[PDB]
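2 protein chains.
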Amino acid sequence: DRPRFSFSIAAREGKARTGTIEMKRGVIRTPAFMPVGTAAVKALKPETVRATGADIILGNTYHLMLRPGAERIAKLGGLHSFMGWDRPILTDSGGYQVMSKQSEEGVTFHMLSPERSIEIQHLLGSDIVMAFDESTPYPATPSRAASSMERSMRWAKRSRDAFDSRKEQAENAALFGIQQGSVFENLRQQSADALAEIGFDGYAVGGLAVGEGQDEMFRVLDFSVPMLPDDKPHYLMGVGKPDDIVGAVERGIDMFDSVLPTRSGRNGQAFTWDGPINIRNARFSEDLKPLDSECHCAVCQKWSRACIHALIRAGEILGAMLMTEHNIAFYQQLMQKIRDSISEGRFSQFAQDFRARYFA
Amino acid sequence: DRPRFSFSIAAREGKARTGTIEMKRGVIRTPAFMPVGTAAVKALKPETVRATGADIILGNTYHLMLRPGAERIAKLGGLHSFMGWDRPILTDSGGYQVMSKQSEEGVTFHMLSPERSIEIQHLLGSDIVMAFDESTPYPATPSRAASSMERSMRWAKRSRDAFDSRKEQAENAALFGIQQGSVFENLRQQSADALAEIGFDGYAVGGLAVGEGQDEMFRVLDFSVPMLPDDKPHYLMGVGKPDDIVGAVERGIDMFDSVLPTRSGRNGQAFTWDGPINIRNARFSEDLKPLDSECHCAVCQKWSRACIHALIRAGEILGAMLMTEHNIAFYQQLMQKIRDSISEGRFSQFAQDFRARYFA
Ligand SMILES: [Zn+2]
Ligand SMILES: [Zn+2]
Numbered sequence: 010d011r012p013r014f015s016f017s018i019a020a021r022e023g024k025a026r027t028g029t030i031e032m033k034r035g036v037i038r039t040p041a042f043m044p045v046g047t048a049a051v052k053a054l055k056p057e058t059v060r061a062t063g064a065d066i067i068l069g070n071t072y073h074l075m076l077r078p079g080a081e082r083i084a085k086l087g088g089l090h091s092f093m094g095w096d097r098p099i100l101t102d103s104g105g106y107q108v109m110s116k117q118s119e120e121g122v123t124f133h134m135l136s137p138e139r140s141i142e143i144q145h146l147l148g149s150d151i152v153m154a155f156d157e158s159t160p161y162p163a164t165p166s167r168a169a170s171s172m173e174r175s176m177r178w179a180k181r182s183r184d185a186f187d188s189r190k191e192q193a194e195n196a197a198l199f200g201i202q203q204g205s206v207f208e209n210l211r212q213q214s215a216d217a218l219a220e221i222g223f224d225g226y227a228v229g230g231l232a233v234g235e236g237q238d239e240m241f242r243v244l245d246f247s248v249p250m251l252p253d254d255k256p257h258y259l260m261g262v263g264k265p266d267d268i269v270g271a272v273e274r275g276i277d278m279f280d281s282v283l284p285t286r287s288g289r290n291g292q293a294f295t296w297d298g299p300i301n302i303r304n305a306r307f308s309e310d311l312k313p314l315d316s317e318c319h320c321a322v323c324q325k326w327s328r329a330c331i332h333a334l335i336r337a338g339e340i341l342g343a344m345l346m347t348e349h350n351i352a353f354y355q356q357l358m359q360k361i362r363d364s365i366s367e368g369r370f371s372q373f374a375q376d377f378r379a380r381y382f383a
Numbered sequence: 010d011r012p013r014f015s016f017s018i019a020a021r022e023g024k025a026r027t028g029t030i031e032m033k034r035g036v037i038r039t040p041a042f043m044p045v046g047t048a049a051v052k053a054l055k056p057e058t059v060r061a062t063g064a065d066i067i068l069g070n071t072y073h074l075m076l077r078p079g080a081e082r083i084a085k086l087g088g089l090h091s092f093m094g095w096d097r098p099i100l101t102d103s104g105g106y107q108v109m110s116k117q118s119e120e121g122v123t124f133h134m135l136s137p138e139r140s141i142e143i144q145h146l147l148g149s150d151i152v153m154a155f156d157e158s159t160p161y162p163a164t165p166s167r168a169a170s171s172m173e174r175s176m177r178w179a180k181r182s183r184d185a186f187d188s189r190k191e192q193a194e195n196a197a198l199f200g201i202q203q204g205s206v207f208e209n210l211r212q213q214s215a216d217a218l219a220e221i222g223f224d225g226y227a228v229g230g231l232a233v234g235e236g237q238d239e240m241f242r243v244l245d246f247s248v249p250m251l252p253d254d255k256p257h258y259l260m261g262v263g264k265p266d267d268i269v270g271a272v273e274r275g276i277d278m279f280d281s282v283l284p285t286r287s288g289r290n291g292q293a294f295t296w297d298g299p300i301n302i303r304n305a306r307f308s309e310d311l312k313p314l315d316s317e318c319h320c321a322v323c324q325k326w327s328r329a330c331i332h333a334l335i336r337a338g339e340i341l342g343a344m345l346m347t348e349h350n351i352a353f354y355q356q357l358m359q360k361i362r363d364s365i366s367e368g369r370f371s372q373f374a375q376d377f378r379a380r381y382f383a
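Chains A and A' are the protein sequences, given in the same order. A prime marks a further copy of an entry chain. If you count by the deposited numbering, then the first sequence holds residues 10 to 49, 51 to 110, 116 to 124, 133 to 383, one letter each, in order. If you count by the deposited numbering, then the second sequence holds residues 10 to 49, 51 to 110, 116 to 124, 133 to 383, one letter each, in order.
Treat the hints loosely; a few may be bogus.
[Unchecked claim] Result set (BS3-like, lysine-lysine): computed pairs, CA atoms no more than 30 Å apart in a straight line:
| no. | chain 1 | residue 1 | chain 2 | residue 2 |
| --- | --- | --- | --- | --- |
| 1 | A | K52 | A | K264 |
| 2 | A' | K312 | A' | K116 |
| 3 | A' | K312 | A | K312 |
| 4 | A' | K52 | A | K55 |
| 5 | A | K55 | A | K24 |
| 6 | A | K52 | A' | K325 |
| 7 | A' | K180 | A' | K33 |
| 8 | A' | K180 | A' | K190 |
| 9 | A' | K55 | A' | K24 |
| 10 | A' | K180 | A' | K24 |
| 11 | A | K325 | A' | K325 |
| 12 | A' | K312 | A' | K264 |
| 13 | A' | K55 | A' | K33 |
| 14 | A' | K264 | A | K325 |
| 15 | A | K85 | A | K190 |
| 16 | A | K55 | A | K312 |
| 17 | A' | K312 | A | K325 |
| 18 | A | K312 | A | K190 |
| 19 | A' | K55 | A | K52 |
| 20 | A | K264 | A | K325 |
| 21 | A | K312 | A' | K325 |
| 22 | A' | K312 | A' | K325 |
| 23 | A | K325 | A | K55 |
| 24 | A' | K264 | A | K55 |
| 25 | A | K24 | A | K180 |
| 26 | A | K116 | A | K264 |
| 27 | A | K52 | A' | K264 |
| 28 | A' | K190 | A' | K33 |
| 29 | A' | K55 | A' | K264 |
| 30 | A | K116 | A | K180 |
Calculated from the structure, these hints are not laboratory results.
Using the sequences and the hints, build the whole thing.
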């Protein structure tokens, strides 16, 4: 038997936690990195993405709405059938890409509201559904940030009720709420209280990674994450670089997603424990070592820097495929070392060792 | 203005010759190697084959008859349009693959005769047409070899007349006759006299490279090639390994074709000036040198043994493409060094240097 959504914390160190989310389509090890998915020849195969270590992938609701459309994905059997991925899928609400009519009802651009966003995510058949919120701009006036937070909370309630109105969705999926409030601690507290009063399966910290820089993002995390319910997962959306991830786990974040491994891989850039490298650099043309000396991904078991350099410089799509697979696998190995070090009570030392070497 | 078929000898050394065949679709430098073509994603691009140095490619009439068929190729505009190759094309008669009813009329298996073979080659629109002959088996009884030679000469006359009956073919293409007679000098002489009496644009030495070994092939060439008209091209069909080619040029052969560069490339084997190599061998996994140290093909300008080794071992089709391109380019560079050394009167020394190093 498998539960709808069950978060268990197995070990803690400071604010960091490691554990599992059990869902009907599988178990998610936390802290978790979710690669951002696309349709299943122009992308990695889903078995390849699974083999990198990913327990869950993300679907971009806005892009799926535009092509091929949510009703079409439903007729094809849902997003799992469409993507060839049978493990859990999280979908965002589509609201951020709308920004990236505009009344309290929702927006038209296609129409999106709390109710329509929840309905589209049900048509996709995703396992974790994000509430529809309003993104405060960056930077945000204290006036504008107060406005978008309060609208987001009324929309979070509407998301809650829309989700609960479909037995098939409410019995089989989970719903996450999104805290807003920008850099204003009192707003963040009001937002957290509102979401906790409504009740969600997990809570995301919104309004971050939108240009504010890491020091400010960390300062906001420092007081925002403790406000959320301790016994539910904490999600930092769209983050990020490896050092962003490590420091966010130090501050209590359990879940992450980012296109960065894919964007980097397509641009000829590989993540390594010694920092990112540009594989086109001449120093790699005769380098017989793998992309990363310690990475145990399938690419680093077989391919040298020299030969990936050759593929990338020739514009062979295989080069970008190999880079992307390694980058996503590197991210999963980072999450695994994070999980292991929390379990063994040496995560704070892991983070310091990681930073000293990554920025050396 | 461009002539139908004009063979000019520019320089000689012993029995070896170098020169040009001018045809309406281009000039063929001799001695020439003709790669064996196929349809134009599962093959090298025709611009790639041209860039290796090939002046003319071969079409396999029997395979083209079976798929998509000669009438279909004609409706598509002919073999040049079908293959994306606008330079000269030679077609064989289809008769050897028939072996590899059977009366004096021809054969049924589809039907092939001197007349039908010439007609199919006209439908293909090829520039050099081979007469239809009868292949004596290997090894051949002195009885069987006498029979197949004499039938071939009657069929050579029928080929001549069929070709001459179509103004469009006779004014724009050329026709080659094929000497037969197996290892019997008197038969070879009878065959040569018959073909010279009929008259052809060029003459092939048939019945060789069918299992007899190089020493016997060379012994037959020694007396067979001098029997053919000196002022027309001499063609040794389906030959062969680099050392076969060098020794055949020493004996007066001007033209060659072989699937060997392609078959080798698909099997992970590369020709080099130091002999062929099996790129899968472990010694190449860290070898940063190109396939051949002196080859100036596009592959050796960019790719290392190590990375082609990696591609081949992974089963990436790019690996086989690169190997095949290099092998066909290596063959063209061999022909160019042959042509250059004859022009400079140092071909006999070239051949000895070539053998000492290729078999070292
Ligand atoms: Zn790797
Ligand atoms: Zn080469």
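Outcome of the hint check:
no. : hint               : in the structure
1   : A:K52 to A:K264    : holds (24 Å)
2   : A':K312 to A':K116 : violated (55 Å)
3   : A':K312 to A:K312  : holds (17 Å)
4   : A':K52 to A:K55    : holds (22 Å)
5   : A:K55 to A:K24     : violated (36 Å)
6   : A:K52 to A':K325   : holds (26 Å)
7   : A':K180 to A':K33  : holds (25 Å)
8   : A':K180 to A':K190 : holds (17 Å)
9   : A':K55 to A':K24   : violated (36 Å)
10  : A':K180 to A':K24  : holds (28 Å)
11  : A:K325 to A':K325  : holds (20 Å)
12  : A':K312 to A':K264 : holds (24 Å)
13  : A':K55 to A':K33   : holds (23 Å)
14  : A':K264 to A:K325  : violated (34 Å)
15  : A:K85 to A:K190    : holds (19 Å)
16  : A:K55 to A:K312    : holds (26 Å)
17  : A':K312 to A:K325  : holds (19 Å)
18  : A:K312 to A:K190   : violated (54 Å)
19  : A':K55 to A:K52    : holds (22 Å)
20  : A:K264 to A:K325   : holds (26 Å)
21  : A:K312 to A':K325  : holds (19 Å)
22  : A':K312 to A':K325 : holds (10 Å)
23  : A:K325 to A:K55    : holds (18 Å)
24  : A':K264 to A:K55   : violated (42 Å)
25  : A:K24 to A:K180    : holds (28 Å)
26  : A:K116 to A:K264   : violated (35 Å)
27  : A:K52 to A':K264   : violated (40 Å)
28  : A':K190 to A':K33  : holds (15 Å)
29  : A':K55 to A':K264  : holds (24 Å)
30  : A:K116 to A:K180   : holds (21 Å)
Going through the hint list in order, the structure does not satisfy hints 2, 5, 9, 14, 18, 24, 26 and 27.
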